[PDB]
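A lone chain, given as structure tokens: the form deposited in one PDB entry.
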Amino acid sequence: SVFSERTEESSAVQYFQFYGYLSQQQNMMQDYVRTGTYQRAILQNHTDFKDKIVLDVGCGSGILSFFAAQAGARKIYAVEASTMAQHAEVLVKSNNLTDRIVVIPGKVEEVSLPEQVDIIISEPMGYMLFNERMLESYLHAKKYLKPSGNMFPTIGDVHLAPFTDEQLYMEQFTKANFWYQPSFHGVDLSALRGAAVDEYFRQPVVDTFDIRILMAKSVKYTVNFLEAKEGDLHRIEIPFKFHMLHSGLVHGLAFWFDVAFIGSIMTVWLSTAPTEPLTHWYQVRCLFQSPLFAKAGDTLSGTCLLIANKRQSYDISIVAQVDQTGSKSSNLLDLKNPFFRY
């Protein structure tokens, strides 16, 4: 299947074992913003579901299937690759919905569905949206979608903005300074300081923050899931040009994302922006190894490049430059292994 072609067995096993735990399902579900927003999107666009065939990709506990059933769907095919699939059917039976919700265990890239569907629903967003590479399974599932079909979510917006946070930068450097020691119990570790600094700064920082640290209006990169193809997500190049509102040191880039459910009756947005209520996604920040000084009015231009790897994630290379001075900074990040600071 296309899934095994793009994934190390080691990672996939780990991935689906993680999602096999009810405690994780609980964590996801107790996010009122996430769960409530999904329900609002489905129910207020109920006409897009009424008496229709639905495909739910990565149903987990099955919550989204139930929303679709509440909206009046004729039949929901709920596909789930973890052992959660067995718990889902238990809920379907105890909620008397066996005539309407059909759980199909397996990967959407590997299962056979009885028929094409009118709409696909899913929650494929990870940290920075793209983490876990579930967006490609979501787009793969489009093979079962009718020409006149819809997708929930319909589009995705990545938001980038430069930030200043001296406290965060010093925190990571305080940790790396361990490896600068000339005599730790009589051992010289200093030969590895270079390696240590790189590794710590290779960590995306997951947490929330006050928006006053943002130094410029954010830049947006939009993905339309209805027209996009699987191949489009192997290499994502996000160019940016910021016009600085404040003078100071830029310590990195901040990331968050919006998704929109564009239904017939109305459009519902789900945002993880720092101006919005917190979600289990929080926000993501990537530190530069060396800060860049920029005056207000200067322009900070560069590229954020995401290249998919076989561990179900992306390698992030960020290059940034102050156009007036030529001061340039780089960083390479491993999105798979973040630093949770909350």
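Definition used throughout: the rigid core is the maximal C-alpha set that superposes within 1.5 Å between two forms. Positions refer to the first chain, counted from 1. First, how it differs from the form deposited in another entry.
Residue shifts between the two forms, rigid core superposed: of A294, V54, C59, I42, the only C-alpha displaced by 2 Å or more belongs to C59.
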Second form
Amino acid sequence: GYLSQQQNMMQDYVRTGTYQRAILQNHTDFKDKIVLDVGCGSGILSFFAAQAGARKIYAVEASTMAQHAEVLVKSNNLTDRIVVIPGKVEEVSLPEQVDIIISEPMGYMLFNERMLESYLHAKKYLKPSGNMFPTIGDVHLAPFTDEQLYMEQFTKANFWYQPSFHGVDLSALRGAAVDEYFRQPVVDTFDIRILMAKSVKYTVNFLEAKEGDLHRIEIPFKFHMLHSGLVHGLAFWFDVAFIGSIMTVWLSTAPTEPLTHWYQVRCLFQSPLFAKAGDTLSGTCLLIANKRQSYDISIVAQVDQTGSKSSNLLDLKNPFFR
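Moving on from the form deposited in one PDB entry, kindly provide the form deposited in another entry as a structure.
The next block holds one chain only.
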């Protein structure tokens, strides 16, 4: 819980701006309503709800951060509208059902850090027919070609393919190194020209979802290739929508959108799949929740026409940055 971290999140104008934009333009959803702020991370969220004219804002509240919020609430003259309860939703108690829940629970590929579970858990404190900001989450995935990124892996791992690095033969660990390097999802951004087919969408309606739904989360796909080339993996990004009474407002991390701190995520295939235009690449992406507040990512994919296959396991716990 560093202020540096909190600053970095505040600096993301798309994040902070869109959140604020969504709350103020949907004024009638906040005017004299009771709100719960479970997320933050920018720490600025319960203030937006005050600016939209909320009656009471219960704000929990991670052990840092509880104190950071406490100072700003006092200094912004809002002690009588915003209460700061240190801790976490599955650990604390609220004295009142709320109209709206607000939070910033999105990680890399939306689900990383598993904060949405705590978010969905908060619906124990939600009044019937109340809503949540954000309301839904659209995960997008599409196949990509990128020779330079694929090759990059082997140039790295080939360091181990030396028989006499300072008189030591490292070659027996080359295979383990390749596996490891391919096991990391790549966080950075790309030109859309590397996208081989139109993206499929997978939608989580936060208003109806139970927190158990986020433990397995299976995403099937049947891409219809626009371009001829080699598929090196699947690209991932996400959108969330703030569906209010007045207006639905979108926060998008698409590669066609201005850059955010979430960038985009690419999961490579260990064996590239050749596909033609008009060919269908099908398979499923499986995200298993793991013990390190992250996901084990399983990707199986085949080119229907040729029957070539892979067969790929990632751990979002150890992402490669760029």
